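Asks: Listed below, chain by chain, are the residues.
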Amino acid sequence: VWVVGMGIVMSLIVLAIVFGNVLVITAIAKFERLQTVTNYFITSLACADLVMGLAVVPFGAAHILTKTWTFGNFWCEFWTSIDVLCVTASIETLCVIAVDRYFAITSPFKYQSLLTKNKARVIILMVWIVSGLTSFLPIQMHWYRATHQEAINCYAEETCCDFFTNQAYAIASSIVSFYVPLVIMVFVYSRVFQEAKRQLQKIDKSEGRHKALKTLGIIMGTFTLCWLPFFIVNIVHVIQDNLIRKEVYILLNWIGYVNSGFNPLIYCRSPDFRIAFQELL
Amino acid sequence: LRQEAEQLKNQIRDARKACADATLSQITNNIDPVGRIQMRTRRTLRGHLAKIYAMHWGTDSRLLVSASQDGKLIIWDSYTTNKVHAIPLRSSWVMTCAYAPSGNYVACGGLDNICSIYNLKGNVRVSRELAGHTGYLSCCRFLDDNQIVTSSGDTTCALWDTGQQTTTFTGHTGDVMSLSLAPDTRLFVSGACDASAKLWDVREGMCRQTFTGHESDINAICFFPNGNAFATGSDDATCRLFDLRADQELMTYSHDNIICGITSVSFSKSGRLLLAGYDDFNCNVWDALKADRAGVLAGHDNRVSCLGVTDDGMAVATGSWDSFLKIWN
Amino acid sequence: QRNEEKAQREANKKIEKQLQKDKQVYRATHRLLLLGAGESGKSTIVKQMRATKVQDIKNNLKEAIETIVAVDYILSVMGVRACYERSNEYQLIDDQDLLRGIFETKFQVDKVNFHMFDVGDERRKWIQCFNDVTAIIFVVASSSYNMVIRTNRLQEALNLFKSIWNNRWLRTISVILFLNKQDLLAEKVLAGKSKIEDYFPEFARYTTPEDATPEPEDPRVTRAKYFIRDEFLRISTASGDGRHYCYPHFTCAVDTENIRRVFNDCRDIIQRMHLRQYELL
Amino acid sequence: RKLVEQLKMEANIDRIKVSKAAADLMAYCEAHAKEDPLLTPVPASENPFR
Ligand SMILES: CN[C@@H]1CCc2c(ccc(O)c2O)[C@H]1O
Numbered sequence: 001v002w003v004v005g006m007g008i009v010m011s012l013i014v015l016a017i018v019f020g021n022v023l024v025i026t027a028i029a030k031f032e033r034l035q036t037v038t039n040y041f042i043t044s045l046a047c048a049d050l051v052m053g054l055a056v057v058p059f060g061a062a063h064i065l066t067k068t069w070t071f072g073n074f075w076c077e078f079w080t081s082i083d084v085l086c087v088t089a090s091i092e093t094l095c096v097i098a099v100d101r102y103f104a105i106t107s108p109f110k111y112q113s114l115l116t117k118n119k120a121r122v123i124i125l126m127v128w129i130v131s132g133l134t135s136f137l138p139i140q141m142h143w144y145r146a147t148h149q150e151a152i153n154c155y156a157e158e159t160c161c162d163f164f165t166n167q168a169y170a171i172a173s174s175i176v177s178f179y180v181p182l183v184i185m186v187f188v189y190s191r192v193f194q195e196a197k198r199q200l201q202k203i204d205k206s207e208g209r210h211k212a213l214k215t216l217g218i219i220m221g222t223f224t225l226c227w228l229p230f231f232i233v234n235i236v237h238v239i240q241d242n243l244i245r246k247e248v249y250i251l252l253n254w255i256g257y258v259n260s261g262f263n264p265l266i267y268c269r270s271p272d273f274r275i276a277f278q279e280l281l
Numbered sequence: 001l002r003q004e005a006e007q008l009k010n011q012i013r014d015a016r017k018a019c020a021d022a023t024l025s026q027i028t029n030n031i032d033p034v035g036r037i038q039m040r041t042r043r044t045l046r047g048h049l050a051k052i053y054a055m056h057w058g059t060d061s062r063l064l065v066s067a068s069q070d071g072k073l074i075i076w077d078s079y080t081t082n083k084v085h086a087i088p089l090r091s092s093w094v095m096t097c098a099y100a101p102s103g104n105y106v107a108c109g110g111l112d113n114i115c116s117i118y119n120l121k122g123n124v125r126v127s128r129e130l131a132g133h134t135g136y137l138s139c140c141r142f143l144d145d146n147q148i149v150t151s152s153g154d155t156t157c158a159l160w161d162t163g164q165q166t167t168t169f170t171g172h173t174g175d176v177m178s179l180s181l182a183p184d185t186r187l188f189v190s191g192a193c194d195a196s197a198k199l200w201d202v203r204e205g206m207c208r209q210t211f212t213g214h215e216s217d218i219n220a221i222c223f224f225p226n227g228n229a230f231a232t233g234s235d236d237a238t239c240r241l242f243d244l245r246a247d248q249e250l251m252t253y254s255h256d257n258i259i260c261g262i263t264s265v266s267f268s269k270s271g272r273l274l275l276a277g278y279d280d281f282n283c284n285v286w287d288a289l290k291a292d293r294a295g296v297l298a299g300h301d302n303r304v305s306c307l308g309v310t311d312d313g314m315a316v317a318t319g320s321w322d323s324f325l326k327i328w329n
Numbered sequence: 001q002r003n004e005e006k007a008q009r010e011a012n013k014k015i016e017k018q019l020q021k022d023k024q025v026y027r028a029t030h031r032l033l034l035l036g037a038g039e040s041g042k043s044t045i046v047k048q049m050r051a052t053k054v055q056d057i058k059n060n061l062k063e064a065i066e067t068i069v070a071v072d073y074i075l076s077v078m079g080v081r082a083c084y085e086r087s088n089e090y091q092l093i094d095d096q097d098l099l100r101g102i103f104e105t106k107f108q109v110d111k112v113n114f115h116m117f118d119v120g121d122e123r124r125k126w127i128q129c130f131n132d133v134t135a136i137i138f139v140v141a142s143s144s145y146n147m148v149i150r151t152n153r154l155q156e157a158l159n160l161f162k163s164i165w166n167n168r169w170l171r172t173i174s175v176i177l178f179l180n181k182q183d184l185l186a187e188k189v190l191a192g193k194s195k196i197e198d199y200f201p202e203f204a205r206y207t208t209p210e211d212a213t214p215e216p217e218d219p220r221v222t223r224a225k226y227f228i229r230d231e232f233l234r235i236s237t238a239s240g241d242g243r244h245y246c247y248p249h250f251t252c253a254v255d256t257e258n259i260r261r262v263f264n265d266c267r268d269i270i271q272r273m274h275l276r277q278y279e280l281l
Numbered sequence: 001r002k003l004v005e006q007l008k009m010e011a012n013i014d015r016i017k018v019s020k021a022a023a024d025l026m027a028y029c030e031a032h033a034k035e036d037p038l039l040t041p042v043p044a045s046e047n048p049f050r
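If you read the protein sequences in the order shown, they are chains V, W, G and R.
Using the working numbering, the letters of the first sequence correspond one by one to residues 1 to 281.
Using the working numbering, the letters of the second sequence correspond one by one to residues 1 to 329.
Using the working numbering, the letters of the third sequence correspond one by one to residues 1 to 281.
Using the working numbering, the letters of the fourth sequence correspond one by one to residues 1 to 50.
Since the hints were made in silico from the structure, they are not lab data.
From the three backbone atoms N, C-alpha and C, an ideal C-beta is built for every residue, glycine too.
Heads up, a few of these hints could be off.
[What the hints assert, rightly or not] With a Cα cut of at most 30 Å, we get these calculated DSBU-like pairs of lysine-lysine: (1) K21(G) with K111(G); (2) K51(W) with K110(V); (3) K20(R) with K17(W); (4) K21(G) with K119(V); (5) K119(V) with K111(G).
[To be verified] Using C-beta positions, here's what the derived DEER-type ranges look like: (6) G120(G) with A23(R): 48 to 54 Å; (7) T41(W) with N12(R): 49 to 55 Å; (8) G122(W) with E207(V): 54 to 60 Å; (9) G120(G) with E5(R): 30 to 36 Å; (10) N167(G) with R13(W): 33 to 39 Å; (11) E63(G) with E207(V): 40 to 46 Å; (12) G163(W) with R171(G): 38 to 44 Å; (13) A131(W) with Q20(G): 32 to 38 Å; (14) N12(R) with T52(G): 50 to 56 Å; (15) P214(G) with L200(V): 18 to 24 Å; (16) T213(G) with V186(V): 35 to 41 Å; (17) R171(G) with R128(W): 36 to 42 Å; (18) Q147(W) with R124(G): 28 to 34 Å.
One chain only, chain V, in its complex shape:
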């Protein structure tokens, strides 16, 4: 009976992620006024979240619940490829949104001229292309196949398919996906918070008669709490194989997955987005 409830929970999570991503994409695309220079990045994030929630989350739920992968070895490799590509695309899109906010705040006059629709399209294309170069090629080709005695049979066996990566690819993939974007957005949001504090101090000084803390705090904390533990345990298991069990790995991975559905709740709170959502429904 425990598996039965887990299946319902996983189906609900997948449905919620799909619905949120679809709503965000439809709101961004249907209305021309809502679409803007910075909304292309949100569109890319929503597209990545939708693709992940329609490709890996349902297949991942099917794999974990049944404990047997019915599809072939090539199809499982392709599924893992899509999973890692989606994760890196989402995190890099979050990093790009953060750097866009930093450029808009720290350099206001140069922001409009530097960034245009063509610039947004080319930077999004570069993000997706670098995500592809980091995900597809090392995993579609058999670089990532484990050299360990364990899981060699599992990779050979069709029904069994679990992630056993080389000691080298895991660290590099984690660095390109999460760690570097983590540093970039942490520094960027520290700078933006410093600018906001300076503006608040100036306003208080000019006119005698914690808001920035809440928004930055939620935006950074959701992403960090969702993804950092998984991207530290994956390195830890490579460094120490006996430390990390499979259940911990899976649980942390799915907790990180839920960030895909959490992202629309944190990147669509603007009143224009709410009005568009109300009109669409």
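Here the structure of chain V is known, so what remains is to put chains W, G and R with the ligand in place on it, guided by the hints.
Replies: Below, chains W, G and R with the ligand without anything else, positioned relative to chain V:
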């Protein structure tokens, strides 16, 4: 001094009341309603670099001209969505545009007192910038290929031929903000910043009649296709219809829900439907005779700023504060 | 036919490229409104920003003489100190000595394009036209309190500022406020001919704010300037918060640092608009 | 003081009864209704836009 004027005004009001045998809605109660009307967006013209102010349909139903605050007055082809010409106005701001019934020349207003005339028919060149006024311009129109009627930010409305103002109308307490022309070239009417809306005779140069039934600024004046009536759009939600023969307010169009202002007013080919834009993001359609709304057109994101109907009456084009100009059929 | 369609397409294309360039240059620049009242020292700021002129100066002198008239040879041509002493009652106007329709001024501060507006209307119907300018430069003369109309001139300026502030179409427009004739204000305050408390009763109970010590000036002058600044600022502050801020700047005719001040304040306005966006502020 | 003269000039005009004007307006609206592409539904082939 003013006692004679007050007595004359009281006598005029008494005479107007004496002529009110029956209300327009009293007769219209027998007629059938037009019913609900669904209006789609056949095309969404775009390209303007900033907010637009006014637009005027061409003599033919195809070509139209759009005027924007960016200074780019671009001529559009409604059928194929093509920008035939792009005329950069010398003045940074334009407040009105006009299209010649011949189609040869195109007029552009502006916040500057100077009114410019562009000879569209290779490269567009300004024909002869007009003399000017004391204030800005509000609305321009073409009696023919040689005469342009302009409304100013001062009281005076003028007819311009040669850079010469043949006539200089006057009598408005405030600033005239819009005007319209009758199907014939003999008569035209204009609004004002004050509630007064007047009818002028082009040949005589004297305001034959004055209508002051409003209570706020008048922003738009449309003219009945028959030529015996004209509709006014005030700053307050109420829009009303005047009859030149009866010389008073025959009907009044308003609703409790609407509280926003009115920017542009235009009729249909048959005159049954009064298409009025609002300061809100929507645009309303009213049954002129029955004084009942028959549909809501809320395509634009920003407030609407201009309307128009082709001479053939094929479709009604609304230009908004946003860069998007949408043709509604 | 086909040829006609092709031609139309080519023309549209030619226009679209030119229009894209025009949109780029338009977005590069900024728009500022100058709301200088009549004889309020507005021309001083424009001069600070930067034969026939001699004839214009002579005409201005003749107009001043006619205004004073409103000896016998002077009157027929159209006690000198008497008019200057009673210059408060009636409106009166006035290379280096000479300096001491719609007008457009274009200048660059830090390689960023700027464009200045100058209109000038009791109705002020054209005010709603400028709903897209970066900021409004509203100048005022702090010495206008002595001059009386028919409400004093400074009170009229306060009423105009209140009307501009509480406008539906200007709900997203900030105001930069310049208090011209600071030296003249100090000169009038030092002399006992006009008392600020005599014209504004609230000045008797008013006291200087504790943390306001801008310049090395007798206390009375500073109290007067801070009263005027507070009277201007109260109407702006009590209306609401967000996308609305007044930036009072005490300025002198000689001082030429205003051009830097407008650039810095416009940058601050853009930065604070972005901060208010994204729900940060 | 020409305002009173203008008002007197405008007052000396014959007025048509409101009932007659309303009847004429209704007659015109009913006569020209069939030619309005907006009042009646727009035919797919007839409408150049659609
Ligand atoms: C089933 N576990 C996969 C495989 C490893 C991996 C994931 C996500 C992001 C990455 O950068 C990875 O290297 C996980 O979704």
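Asks: What are the numbers of the hints that this structure violates, sorted from low to high?
Replies: Checked against the structure, no hint fails, so every one of them is satisfied.
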